[PDB]
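A single protein chain has been removed from this complex, and every other one stays in its place.
A and B are the chain letters, set down in written order, and residue numbers restart from 1 in every chain.
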Amino acid sequence: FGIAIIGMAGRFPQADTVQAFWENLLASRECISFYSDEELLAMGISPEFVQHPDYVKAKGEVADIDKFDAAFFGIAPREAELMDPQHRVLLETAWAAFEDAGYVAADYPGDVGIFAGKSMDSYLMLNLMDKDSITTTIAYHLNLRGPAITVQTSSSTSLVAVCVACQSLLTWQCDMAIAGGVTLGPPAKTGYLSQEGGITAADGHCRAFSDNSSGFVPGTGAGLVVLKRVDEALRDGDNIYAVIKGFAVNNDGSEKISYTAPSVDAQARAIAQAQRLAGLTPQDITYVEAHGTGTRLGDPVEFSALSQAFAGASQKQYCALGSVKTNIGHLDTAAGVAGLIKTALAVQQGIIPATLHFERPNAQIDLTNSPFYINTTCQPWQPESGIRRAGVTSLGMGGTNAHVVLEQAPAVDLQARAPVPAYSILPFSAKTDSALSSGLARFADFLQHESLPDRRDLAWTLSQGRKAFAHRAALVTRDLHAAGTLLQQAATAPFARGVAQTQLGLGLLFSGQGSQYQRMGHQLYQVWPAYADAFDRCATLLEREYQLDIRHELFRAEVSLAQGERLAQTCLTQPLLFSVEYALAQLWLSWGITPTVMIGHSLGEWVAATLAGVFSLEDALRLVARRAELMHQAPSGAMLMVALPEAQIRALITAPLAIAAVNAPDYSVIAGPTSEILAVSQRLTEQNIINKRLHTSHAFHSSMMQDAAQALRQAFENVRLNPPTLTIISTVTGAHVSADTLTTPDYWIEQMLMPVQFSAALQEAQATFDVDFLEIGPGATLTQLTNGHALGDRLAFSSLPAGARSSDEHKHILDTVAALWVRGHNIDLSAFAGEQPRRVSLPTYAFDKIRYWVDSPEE
Amino acid sequence: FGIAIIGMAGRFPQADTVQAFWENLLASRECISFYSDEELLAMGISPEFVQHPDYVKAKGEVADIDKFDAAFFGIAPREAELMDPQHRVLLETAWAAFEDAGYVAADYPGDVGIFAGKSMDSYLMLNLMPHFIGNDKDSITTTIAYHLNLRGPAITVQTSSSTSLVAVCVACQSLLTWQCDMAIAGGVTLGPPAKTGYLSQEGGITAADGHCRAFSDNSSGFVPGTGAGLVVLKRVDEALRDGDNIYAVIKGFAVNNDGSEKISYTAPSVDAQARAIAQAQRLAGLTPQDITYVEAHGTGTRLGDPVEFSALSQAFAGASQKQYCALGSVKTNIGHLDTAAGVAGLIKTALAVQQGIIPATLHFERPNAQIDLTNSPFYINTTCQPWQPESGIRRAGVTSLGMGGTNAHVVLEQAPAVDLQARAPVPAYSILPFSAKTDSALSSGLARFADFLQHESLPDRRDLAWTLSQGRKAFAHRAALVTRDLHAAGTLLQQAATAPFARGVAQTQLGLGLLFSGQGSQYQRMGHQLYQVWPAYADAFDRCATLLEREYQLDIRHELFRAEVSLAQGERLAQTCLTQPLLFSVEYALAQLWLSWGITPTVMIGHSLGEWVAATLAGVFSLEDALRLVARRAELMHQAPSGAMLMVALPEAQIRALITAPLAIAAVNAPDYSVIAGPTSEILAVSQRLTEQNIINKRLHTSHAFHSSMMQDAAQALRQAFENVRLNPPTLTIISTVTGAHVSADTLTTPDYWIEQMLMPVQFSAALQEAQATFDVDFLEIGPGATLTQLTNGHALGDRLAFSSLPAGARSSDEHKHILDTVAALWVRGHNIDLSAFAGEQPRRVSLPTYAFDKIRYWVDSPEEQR
Partner (left out) sequence: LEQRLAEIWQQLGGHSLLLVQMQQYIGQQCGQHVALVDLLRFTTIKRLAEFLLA
């Protein structure tokens, strides 16, 4: 069997992560602070002790203990002052242990169990002048629905909790557990008063397994791990640090001279059982952590137990040794989970770190005949067989011996994966503005390394692991090193940053007819499959019932200026652009879009009608080509866009020409015959109007096509239409739809001749809804017209770039997605990552620091 | 599969065993003790709490929280005043739990593990102000595990109010994945204010009247109470091939939590308590038509009660039957214990499963407003009530909830039936050994089987006296009893040291000494009772009879066993033709028997016939050659003419000087005692004239005058018989008789020693101021009388005694009580008898009274309230 270790966190002396405690173990630093007589005396320590002949002033120290984030979890600022600082730190470390596996606690399919220790309550000395409820608060604030036990063992709590969590997960009590310990004290500014014959060193350093040993040095810490079966680990695709293969707990009750003196046989039964359970022999183990507390009685007995338990080997001096208490120091309910973190890292990397303070061995220890040795420089690690194994031991006061055989994580074949997607959205999200402005920079300092994690496995840990919150931001990057310099500057952002709202509805503009281009909709056809499945059937019909074929003129036509204006003819532009608009609006429905209103502009009614349900696909597609053919046979026409309102354009219109389109209160389009339109323009030369022709050879929405719709009047085939479903707003009347105004054959015929008064439709939609708008069409013409309005703090977004940017579709659609997501809509970002992503450790949430502390009469 | 509950122990309110708990539930007693206004304003409690309208001065309390017996475990009386009072009581309960199972913790073959839980340390306001670092909630179980030699895991699980039934649910997984082989799992709740009240609140959780009514419409709250209690667990396939007592067989368990699917931090849930119950009953293999007795939490609060009933009705949804399952609570009887309140319901349900009787729920008239009993499958008793289900097998369930949420549901099937008639019947007599490390804990442990044995609740004598011998440890001050029926022994043990049974301190005594008897003390029904009971005596007797059938014609086991009792049978064996080999075979068969019970001899003397078998216990020659010599010698020395005997009460020098006739000295025994012998008329001449002297002179009534001056010719003839066989050097430290001193290598190898044995006077007295000088040993006879043991304690044997092995002729049917009284009188002194061969055929254990500890006060006297 096995139990994988898939994530971990902590807070040690002179560190705040595991990632910045490995960097102090590889650099071989001593983290014991050394105080003064003035860094200590004003903090409340009594002057009879500072002036002692012997008061060793040296102590490990965790950085901040009185820094909770009360408003994240809901805890009031009066319930916060009455928590021990070992709850306020194991609450934040348990959050950052679950963001580090790649998961979120409260939404796991199975159920999650907590098993954690504690230490002696010293802050409750401030509350005057309960150990049952540490692992229920951590399982209620984070919604953990498995066992919740406070397993506590004399100076072995941390390791025994791992050996109870591996007992639960193997017999199916829970399914993904968490198992740690915590030891910190309110002052954190004390000496420790070494005495002769006492177990505390009188100079200030631990010296494990060495001649000049005199004691240990006290410390403070925290630190939790996260476990799971090796079965689900290799199926969900997590990061495995190590695979715990064996474990054993017992005691040396009564076989000890007095209460506190250690023994040799019960530290050999544990080491034999822990390897007879995991299917190993002593020769297969290469690194062995020891307790190594550097005390006079405890060191020859530990080497004796190790030699007796390892006595079945036929080599000499191969297995390594070491103890983490030289760097940080010894403290109960820790150094077993801390000395499990150090060994669990060193199995995954392949580097055995150093061991401080070691020149000559002890008197009662002879290394050379035994299979052990001790390093002093940070050597690499390669066994003679291929696999790297380990072992961690912690011994309690009563004598609870726990041995945990660690094995190496099995390697994976990452070369068979399909290549990375060409772009990816990186979403960050945080409950407060400051906790986004400070947790943005840690992804710069993470990204300024080398050999960075995969870009596919960096979106599916941030959209699948980092919990979604109120304040958001989102980037669309393609190289991580550019994203580092992008995120380095905060307020100079070219990325979508804002707060989030409800946004449970979206409104859908549709586009006109005179703004397309060539190679249009080419990036989306091959990358996404829904666009390729919706471009089909539409194109298939027109290569099965007519002469033409849609797909040749976009993806297989040679790029030139001759065929740049072939599709400017009306005959093969209408079904082409209808097919593109329907395919794009089909794709936008597969990312989870709920449309409310579906307005049009001179063609968008004819496709919003299809997507509502009034028109069947083939019914709507059969006759758009016929309408284009009947509409192309008109003799001549031209248009002229005059920037005067509709209350003033009626003072120069003659009998044939009329209004073609009304779009904005500073916009109108006039269509008519070309000589008459040029006469109107030459009349409008001296009226100081910037005045343009819309490049069209016909005169739409005017009095020159009373003849075009007559073949439609007879060729309606009395087809079965349908009442509508989705809330279409029309553009020929200026109000809503009725259930019978849209399915009468007279309506489309009147719609062909009557002008468009789109602006009043927008005023109606803004009056009856408060809705952001999404254009669906090949250009950016109906976005600035919509934004030139009274849209108070609502915007409208495009869906394709501004004409000549035909290589930037696949970045602009992913830059519209990342701008809809910030404001609050329910775009799911899980469908944008690659094929078979896994999880990766990243920097976690950045809880801000505000201080709650009850004052002593001294402090 | 299953985990048995083998032994239990506790110390509850107003009951201090688990057979005072089961005689306060059955009588339906309220165990809550109300106080007065003066019992508080002398125990140092503040005068602002008292005289308050809603200051309810009730609590359900234990008696002695400050009574430790320190010297039993090795604790000095300064590490006894610096211990939490919840450590001492859990020690004295973890000893009695292992003694109610008939086991010893220290010398079990496997591992033993302890998984308990401490309560809130309330000694941080009693000892912290005067002195104190080293006694927190972390080291309860290692102190329980060091003084009793527990070598398995030793954890302290610490959930909030369901500690006691999360500990059982860890220790049932540690056993079932083979971490250990026998566990122990409980909790404790004791505190300095044993005399205190509680300011009740209108709208709170505390009952404002004093009483805790559960599932009644007058519910107000609970009432606080203190207690202790531990169980003992073991796999059910290792509690059936060992023969223990099984109370119940745990078949399923589950432990869960709520996690923010409720109102607040302290507000119960329903969707998790409906998952713990329906995971226990599905892991067990049952179906909710079968759980006949469900032990609800039933605390008596406002909202905590319809939530629990809704959770029960949700999880019993599959059962299509109406009002078929009981429901109850303990917290009406004893109040609400705090941490130990999951195991005080496990004890009640695991006893009511075994006996078959559901006790009564106090204080119950009408159901609550939000509960419908009539449309749910539960009902509530009010009188004590028998229990038998439709299916015939009783099942159960206990539930406890913690503050954060644990929902610990356990399921308790009845223990399987046994076969108590296939055992072969009880032995005729048995020894009852009682041992205790000090005298005042022996008298009170003897006056504790007095009340146990004079009930009608009493077990077999074969299953008892295998719990008292194999199931406890044998300390110094020991006393024992050989009995036939138990009621008479119950009468005997209460008469307070005016009674006839063994007594006295046991010291080392490494070695026992053997006195071998001589002629003339035998009887008729002798050696008959031990032949058909014990196998070693019957086997070693048979070899001596079969060989002499093979090479002679005297039939043995005829005249001793099957021949008719008459006058002529008495003097048929008293003749010298038969008295030698029968007595030799009996003494060899008795010697063979006494070795197998664990006796290592040191000194081996004789008297006129014990030389011929004290030699062959040292292996100087073979048994076959020994019998071939003794029968030949007894035939060759029989045809001599008439002789006589006399006993003279004068010393050896005076008889060797003041004699009238040339009469040979036959034997010297004591320095007031000697035997003279001679012809059939000269002895009659000196006897009548010595009667005129008025110095006493009886006879010995033998037709042949042994140790006289007419046995040279037969001695030389048997010397000619000697030289066919060969001999060997000895093994054990024999001392001789005619020489008066020790024995070297060639002292017994010479054929002339057996010649001078019959002629020289045997001097018993000179062999008994030298044996007790070079050795310091007690003397056990091996012989058919009590003559030698009457002589041996008549000397100056200071503070040593002598004991016999057979009854003295008149008590000829006490050959099975008399040796078994010798065994129980040697065992009190300290010898190495193993009292397990006197058990029976195949025994089991029973729950017997535990050790009776002493009671010494160890307190800091609470200086705060002393002022």
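In the analysis below, contacts are C-beta pairs under 8 Å (C-beta built on N, C-alpha and C of every residue); 3 or more make two chains touch, one makes a residue touch a chain.
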Contact residue for the chain not shown (choose from B:27, B:41 or B:303): B:303
Candidate in contact with the missing chain, chosen from B:20, B:41, B:263 or B:533: B:263
Absent-chain contact - pick from B:287, B:323 or B:370: B:370
Contact set of chain B toward the excluded chain (per top definition): 203, 262-264, 267, 270, 302-303, 306-307, 310, 370
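Quick note on the criterion: only the chains that are shown with their structure count from here on.
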Cα-centroid distance, chain A relative to chain B, in whole angstrom: 68
Residues of chain A that touch chain B when the two form their complex: 106, 120, 130-133, 136-137, 139-154, 157, 160, 164, 167-168, 170-171, 173, 249-256, 259, 266, 396-400
